[PDB]
Amino acid sequence: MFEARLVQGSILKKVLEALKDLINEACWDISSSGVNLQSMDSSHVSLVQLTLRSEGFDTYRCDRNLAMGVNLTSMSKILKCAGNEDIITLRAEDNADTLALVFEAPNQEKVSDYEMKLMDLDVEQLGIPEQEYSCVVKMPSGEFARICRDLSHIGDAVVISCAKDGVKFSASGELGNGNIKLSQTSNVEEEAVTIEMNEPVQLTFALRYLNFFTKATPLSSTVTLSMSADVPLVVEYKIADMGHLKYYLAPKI
Amino acid sequence: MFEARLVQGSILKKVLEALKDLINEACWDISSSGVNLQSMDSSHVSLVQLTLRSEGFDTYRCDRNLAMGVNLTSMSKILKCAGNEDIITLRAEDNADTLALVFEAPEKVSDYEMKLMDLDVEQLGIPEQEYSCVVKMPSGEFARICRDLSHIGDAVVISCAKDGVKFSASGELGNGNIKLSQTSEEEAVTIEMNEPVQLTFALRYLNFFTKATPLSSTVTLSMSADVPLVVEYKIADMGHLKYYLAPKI
Amino acid sequence: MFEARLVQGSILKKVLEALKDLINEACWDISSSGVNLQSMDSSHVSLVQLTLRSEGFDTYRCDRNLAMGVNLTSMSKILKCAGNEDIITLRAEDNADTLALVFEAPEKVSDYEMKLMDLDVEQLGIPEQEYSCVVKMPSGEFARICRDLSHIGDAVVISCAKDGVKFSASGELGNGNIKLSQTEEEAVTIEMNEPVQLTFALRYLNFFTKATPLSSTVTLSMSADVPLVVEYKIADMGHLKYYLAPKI
Amino acid sequence: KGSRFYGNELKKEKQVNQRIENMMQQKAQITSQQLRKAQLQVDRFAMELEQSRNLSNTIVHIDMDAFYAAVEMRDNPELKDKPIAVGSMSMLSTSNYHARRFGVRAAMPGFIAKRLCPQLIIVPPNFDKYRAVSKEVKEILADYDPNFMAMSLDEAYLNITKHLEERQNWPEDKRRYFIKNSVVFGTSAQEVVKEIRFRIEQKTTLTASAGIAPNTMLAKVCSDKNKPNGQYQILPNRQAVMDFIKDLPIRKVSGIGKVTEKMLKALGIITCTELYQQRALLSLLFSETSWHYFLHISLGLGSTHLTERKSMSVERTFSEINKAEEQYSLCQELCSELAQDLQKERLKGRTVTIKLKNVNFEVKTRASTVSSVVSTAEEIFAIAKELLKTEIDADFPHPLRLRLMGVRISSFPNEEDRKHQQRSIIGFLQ
DNA sequence: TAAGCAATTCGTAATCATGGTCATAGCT
DNA sequence: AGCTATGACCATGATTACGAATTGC
Ligand SMILES: Cc1cn([C@H]2C[C@H](O)[C@@H](COP(=O)(O)OP(=O)(O)OP(=O)(O)O)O2)c(=O)[nH]c1=O
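Protein chains in written order, with UniProt numbering: chain X, 1 to 188, 191 to 255; chain A, 1 to 106, 109 to 186, 191 to 255; chain D, 1 to 106, 109 to 185, 191 to 255; chain U, 45 to 224, 282 to 408, 412 to 534.
Each computed SDA-like pair below joins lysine to any residue, with the alpha-carbon atoms no more than 25 Å apart: (1) U:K452 <-> A:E124; (2) U:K366 <-> U:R80; (3) D:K240 <-> D:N71; (4) D:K20 <-> D:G83; (5) A:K110 <-> D:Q184; (6) X:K80 <-> A:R149; (7) A:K110 <-> D:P202; (8) X:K80 <-> A:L175; (9) A:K217 <-> X:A105; (10) X:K80 <-> A:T219; (11) U:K489 <-> U:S423; (12) D:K77 <-> X:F169; (13) U:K124 <-> U:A151; (14) D:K110 <-> X:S134; (15) D:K168 <-> A:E85; (16) D:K240 <-> D:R5; (17) U:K523 <-> A:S42; (18) A:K181 <-> X:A105; (19) A:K181 <-> X:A92; (20) X:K181 <-> X:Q204; (21) A:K217 <-> A:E124; (22) D:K181 <-> A:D58; (23) X:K20 <-> A:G173; (24) U:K218 <-> U:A186; (25) A:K248 <-> U:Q526; (26) D:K77 <-> X:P140; (27) X:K217 <-> D:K77; (28) U:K326 <-> U:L336.
Treat the hints as calculated values from the structure; they're not laboratory data.
Using the sequences and the hints given, assemble the complete structure.
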């Protein structure tokens, strides 16, 4: 058996909201360390990775390292039936065809038990080993969603360049090259755009996916981006100190 | 000469926002004690009955019984023009084919006119009987429930017992079970249970029922055996809006 | 080297979002008087007249007298990329066909280098008349009255007498006959000479009233058989006038 | 002559002649090059058809001899040497063989034929007797094959491909019956049918035709070859199917009626050899299923191995009506009688389709599908009065002058859709 | 003054389920 | 007043329903 109670019942209503139009079938390796996910999407370029580790859970028990084949679209259609401040408990038997979700409100009078029919697939555990980077940029989340939704009206490709004094998001198009220029912050809440670097970066990416990747923006308030040469862009979100959510996307040509 | 001054305009806006999605035409009976509405929709599955009596109107007068057929999308397009505060003055002469709405802002005195029609809705309803299970629950939760099982299937199983009541739905993506456990001032769950009754209904009418949600905050679900589910909202000091729905199998 | 720096950056935003729906390309006449525009819609009924004076541009510098053709959809999709609290620096040169824009924020500047074009210009003058009736009403109430009225028909008959301004319509259901009587920056003032009763078409007034967030109040200016002015006054920058012609 | 019926068939004659000319205008615009790819395709598919022309079975059709008249004649011994006529003075169901030669046929009025024979009797039927005399014959037919397929109350497709082999080791009194022992019938495929006809003869006091064929459509016409009290037979060999498929009119085959006859008198067709000689013409001209039927009726192909209800109607004709209350009240009796007959089989229908006929003969089938399953005399009538309402008041100053109304429950549900049976509200109201 | 059922054929057209867009409002 | 939610309105294949015409027993 596997049972996992989590008090923040909104995190699964947002982790499983940033991942419903991107992918549609994944492999939840439910093991003793906690919930994982790895999935290249329906276009096989963007690598989702997700981890909710054990110590951030309210309570948690399993010993059979199971591997549930989970349909994320139907699971999001079920998790969109819960309140925001509820408490979520996951229930699974060993050779189970189904998986049970428990939504307990803190009002405690209403309790919800949903039961989801699984499937089975095998996914590539294409492991991402230890790397060292070139530039790290730590920035607000509404700002990054605003920047990408601006530059997606101008063109459909983005040059991103990072130097000692800040970052340029340069987006040419058919109607004239947009350009947005951001600098650091010295001695100031969420506004800090801390940009550290060993060597400068000019890479280039697409914008059909950075209107999907920053759908995770209610999950945090600081995103980080990481970049180097001959290594994909790393778009990292942190969750409420339970673990993290990475997206990977590669440079162009 | 029907004449009706309503000093809270949002009641009429809320009623005809509730009734325009489920049914699309109505035949209002306006007589000397209030406005009545009796309408089953096209598929003859649900019935909607409505009474607003002549006491919560800030003024009302009527001299002869009128039958007024109304396209509810035309009236919901006219009544989209009042703000949330307009003293609404519905006037209508007897033998004229136009209903003169006169809004009054709190001097922006609009004056709209609508065309009626000849509609003959059926002059019959559920006779007065007694019911077995009467749940009374917060209507925000009832709307959340009826909009939280349509993501599963188009069949709801309301199983009613003494400790509580359970809603379950089973569709092609799985199944679900929401359990209401009884209470310990308007988050109050009172279950006048007699006989534990389990029934199954169509959610494509329970989602249209929950469009009278800001008309109250307390909803009474009244069930029996071999008898339609009743969902009732109470428009405060005014009257009621009841929804009868037929079960499966 | 033309430079026009405006410090309330939301002004041009509300203007161009009120213009990108109606007319497609237009001419910008750039002079010491300021920024001028007269253009017609693509159905040759409405006449847009934008006038911006040089007093409230926070820094102005215009040596020659330029004309810049722009497609307003691309210009407005650039004008959906700045916050409501930015400093606009419009720029142009004679050595280039690029209208530069810079959005300054109190540390996120936003550079844009938009393409111009070359249109065949039409400088048509407006003979100034003495208007029969000029009314001043708050902008939101007129926006509500036209939008509300658009669901009823398309033939708006604006009437005016000294006691009241009386909008009528008709349609397939019945006439929505709005009034407004004679009545504190949110008042209704009627300057009347002779009573007016004149027809217009709502499907362009709906394009007009998207300049509602510019000013708190609008002024309608009317004469018998002369095309009416609907004027939205930016405070201390100029105005934006729309001309519509009556039918039949 | 010059009747209203003559007027409506005149309009239908105009329409079928208009379709004749619309076919001839599309017939001239093909060439000798358009007779190549379609002909090669339909004869490649005919090679795929005729190579697996499997006819190891022996299908028997068994008609009767003037069934609705003959079952009266087994129950009327007075006038056995007389011509009998069932029906009444509006329409005849079927008349007997002492009157077929004189012209007294089916689909003929009770006034057309009765002016041809002044010495005749026309007596309305008794529809309850035939349902028993069908089952009495079906008792005999079930013995020779359990999977017999009675189309009507008298026709009966039987498959005797298995009973004949299990008859060879039989004694000479199991294969011998008594006159109501009588003559012993042999073990041949003619003889099993002679036995069947003898048992149906001296077990119902009547006669019955028959027909042996390798297929079903051949059996339907072989049953008409030696017609009164007779039979016929074809051998299962691919040559012997061709010698009977020639020299046949297409007034004889079922599925080619009266109007598809006249639309083939244009292209010069009388025999099925001529009907075979127009492959690329009929493949391009006519519709898909119809040229399928033409290419499979050409080689004599069809059902080599033999195989619920889908509708239930009540229609009713009457004199001229011109009122407004009589139509609304007379729709209720037709809703009620159909609601009586719908529960005897216990079926839940979910569609009512009314059907009206003017005094100058136009059909008007106005349909309405509901989601409540319909069973009772008040859950129908509130689906058909809202169609009589839509089609009475669409002639805004003028009445309807009808002569026939009729209701038709349809769309009877599966086993997958009878476990979720939604109910009407008119069971609960009062 | 020309039936009474049933079954089937094709082409028309009604309703529905679908995602996209727009407007108005709760929240920022 | 922008962001986001979200409900009304709308395009739109598409399955499903409608209807005349034709064939039989
Ligand atoms: C063809 C036809 C038959 N019937 C009925 C009457 C017949 O007794 C019965 C059988 O139809 P059939 O068996 O084709 O006709 P029949 O047996 O009367 O004549 P024959 O033996 O020459 O074929 O069905 C009709 O009611 N209407 C019709 O149009």
